[PDB]
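Given the coordinates of chain B, work out where chains B', A and A' should sit on it, guided by the hints.
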Amino acid sequence: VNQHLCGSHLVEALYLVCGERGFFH
Amino acid sequence: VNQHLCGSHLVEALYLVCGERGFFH
Amino acid sequence: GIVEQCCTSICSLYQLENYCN
Amino acid sequence: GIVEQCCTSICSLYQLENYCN
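Residue numbers (the authors' numbering), protein chains in the order written: chain B, 2 to 26; chain B', 2 to 26; chain A, 1 to 21; chain A', 1 to 21. A prime marks a further copy of an entry chain.
Just chain B, same shape as in the assembly:
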């Protein structure tokens, strides 16, 4: 698979893992 997280996939990965903490931006 592609194991890189770029753009909107990086955004989604952060939603996921950061949860309630949140993330920039």
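Among the hints, a few may not be true.
As the list claims (entries may be wrong) - One side only, chain A facing chain B, incomplete, derived with CB under 8 Å: (1) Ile2; (2) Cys6; (3) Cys7; (4) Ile10; (5) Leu13; (6) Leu16; (7) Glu17; (8) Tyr19; (9) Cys20; (10) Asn21.
Stated by the list, open to error - Every beta carbon over 10 Å from chain B', so not counted as near; a handful from chain A, in silico: (11) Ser9; (12) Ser12; (13) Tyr14; (14) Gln15; (15) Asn18.
Worth flagging that the hints you see were computed from the coordinates, not collected in a lab. Where a beta carbon is used, it is the ideal one built from N, C-alpha and C, also for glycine.
This is chains B', A and A' only, laid out in the frame that chain B set:
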């Protein structure tokens, strides 16, 4: 002054300092 | 930063959660 | 992350440029 950089001011600060490098997101 | 670490390269969960908050 | 470092607290230029790229 406010020395905190939050939201759109954090975004602008990153535009500024990161220049051609760019930044997420 | 995160783009170099996670997009350009491959990052772990641990590295990624460092860009939380 | 950047929000804790730069928004919640006050960050330097050096800390900020670490969130470039």
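We went through each hint and held it up to the structure:
1. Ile2: holds, 7 Å
2. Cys6: Hint on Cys6 of chain A: holds, closest Cβ of chain B at ~5 Å, below 8 Å.
3. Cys7: holds, 4 Å
4. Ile10: holds, 5 Å
5. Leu13: It holds, given that the least Cβ distance between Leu13 of chain A and chain B is near 6 Å, below 8 Å.
6. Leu16: With a closest approach of 6 Å, the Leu16 of chain A hint holds.
7. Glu17: Since chain B brings a Cβ to about 6 Å from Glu17 of chain A, closer than 8 Å, the hint holds.
8. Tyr19: holds, 7 Å
9. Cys20: holds, 4 Å
10. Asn21: Holds: closest Cβ of chain B sits about 5 Å from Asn21 of chain A, inside 8 Å.
11. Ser9: Answer for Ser9 of chain A: holds, closest chain B' Cβ roughly 14 Å.
12. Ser12: The assertion about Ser12 of chain A holds, with a minimum of 17 Å to chain B'.
13. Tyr14: holds, 18 Å
14. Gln15: Check passes; 13 Å lies beyond 10 Å.
15. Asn18: Fine: 13 Å to the nearest Cβ keeps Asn18 of chain A off the interface.
In terms of the numbered hints stated before, the structure departs from none.
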